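Quick setup: one chain, the form deposited in one PDB entry, written in structure tokens, and binding and motion questions come after.
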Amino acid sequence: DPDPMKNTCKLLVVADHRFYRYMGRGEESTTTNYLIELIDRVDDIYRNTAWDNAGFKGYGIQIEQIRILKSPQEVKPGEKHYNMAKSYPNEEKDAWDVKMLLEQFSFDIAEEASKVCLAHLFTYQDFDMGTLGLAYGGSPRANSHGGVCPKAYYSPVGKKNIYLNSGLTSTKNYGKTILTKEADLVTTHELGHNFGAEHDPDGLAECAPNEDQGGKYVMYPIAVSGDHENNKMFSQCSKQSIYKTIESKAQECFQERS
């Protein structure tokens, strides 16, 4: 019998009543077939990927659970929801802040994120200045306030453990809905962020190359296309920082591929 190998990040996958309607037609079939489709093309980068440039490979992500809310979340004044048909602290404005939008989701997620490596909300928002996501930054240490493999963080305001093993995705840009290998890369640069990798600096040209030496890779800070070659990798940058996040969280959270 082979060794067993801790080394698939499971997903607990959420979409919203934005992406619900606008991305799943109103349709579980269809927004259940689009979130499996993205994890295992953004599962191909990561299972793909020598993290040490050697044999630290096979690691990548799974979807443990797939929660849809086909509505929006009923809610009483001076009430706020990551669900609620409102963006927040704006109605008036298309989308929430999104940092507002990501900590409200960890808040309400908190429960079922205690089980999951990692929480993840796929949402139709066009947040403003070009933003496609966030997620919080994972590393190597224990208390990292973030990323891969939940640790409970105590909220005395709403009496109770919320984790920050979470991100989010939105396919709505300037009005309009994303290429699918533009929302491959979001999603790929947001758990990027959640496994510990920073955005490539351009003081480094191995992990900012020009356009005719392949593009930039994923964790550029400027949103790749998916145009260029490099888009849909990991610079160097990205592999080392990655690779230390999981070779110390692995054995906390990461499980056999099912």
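Only the largest set of C-alpha atoms that superpose within 1.5 Å between the two forms is called the rigid core. Numbering follows the first chain given and starts at 1. Compared with the form deposited in another entry:
- Residue shifts between these two forms, rigid core superposed: of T177, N90, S155, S71, the only C-alpha displaced by 2 Å or more belongs to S155.
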The other form holds:
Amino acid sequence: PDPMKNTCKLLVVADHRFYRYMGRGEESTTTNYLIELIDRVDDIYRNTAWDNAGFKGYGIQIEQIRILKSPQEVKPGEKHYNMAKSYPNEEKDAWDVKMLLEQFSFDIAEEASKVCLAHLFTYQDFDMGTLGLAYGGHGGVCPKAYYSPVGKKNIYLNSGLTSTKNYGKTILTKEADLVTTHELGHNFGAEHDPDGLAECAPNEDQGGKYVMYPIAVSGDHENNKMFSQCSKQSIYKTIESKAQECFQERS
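Having seen the form deposited in one PDB entry, please provide the structure of the form deposited in another entry.
Coming up is the bare chain, nothing alongside it.
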């Protein structure tokens, strides 16, 4: 492990929804919530031994927090991830999750090209219990260009998002930590843990499921906050190929 290339620096974005409902319309409340969440997610990453030996100490740190205090004004027919209305259905509390992640990646493209990862934090009730989405596991850690035929420019796939609203209420901070860990897990190259591999999806008596299980882990079982051996094997291959490309020294 290279100590000069062991940290994935993040551009963290809080949209107007997050600012209003999680930050109570205050910059200090907004940033403290995000700073503490990323630090606890960093504890999971930094303590993970990707090869089950000495290949550990890889983590995440915030480089910048963008705080969008108000909705982004748009021209008729124009969209933006920070706009007041949801898309494609303005009558719903939330955007379609896939369309929102693509829109965010489009709008933040210039900034995303300069950072290991960009992550959107929002407050909207995605359909069917969805809490977040991310590229990777193409895309994930280090900007990878995608030419958007619709957008007519390159966007970067080093992005993901977390919503702290689910089923009409604010999720627990212990649940929010798990969402962001799972989304960044996909960015780091992990796919979902399959039922077919008991080592990677244990029963409740064996500590329960790991963070990459497709059904949202609650955080009450031991394994919930941890990466399975399946995730470790996938991520180990990524870190070994990506740290030299865009990781930096821990601050």
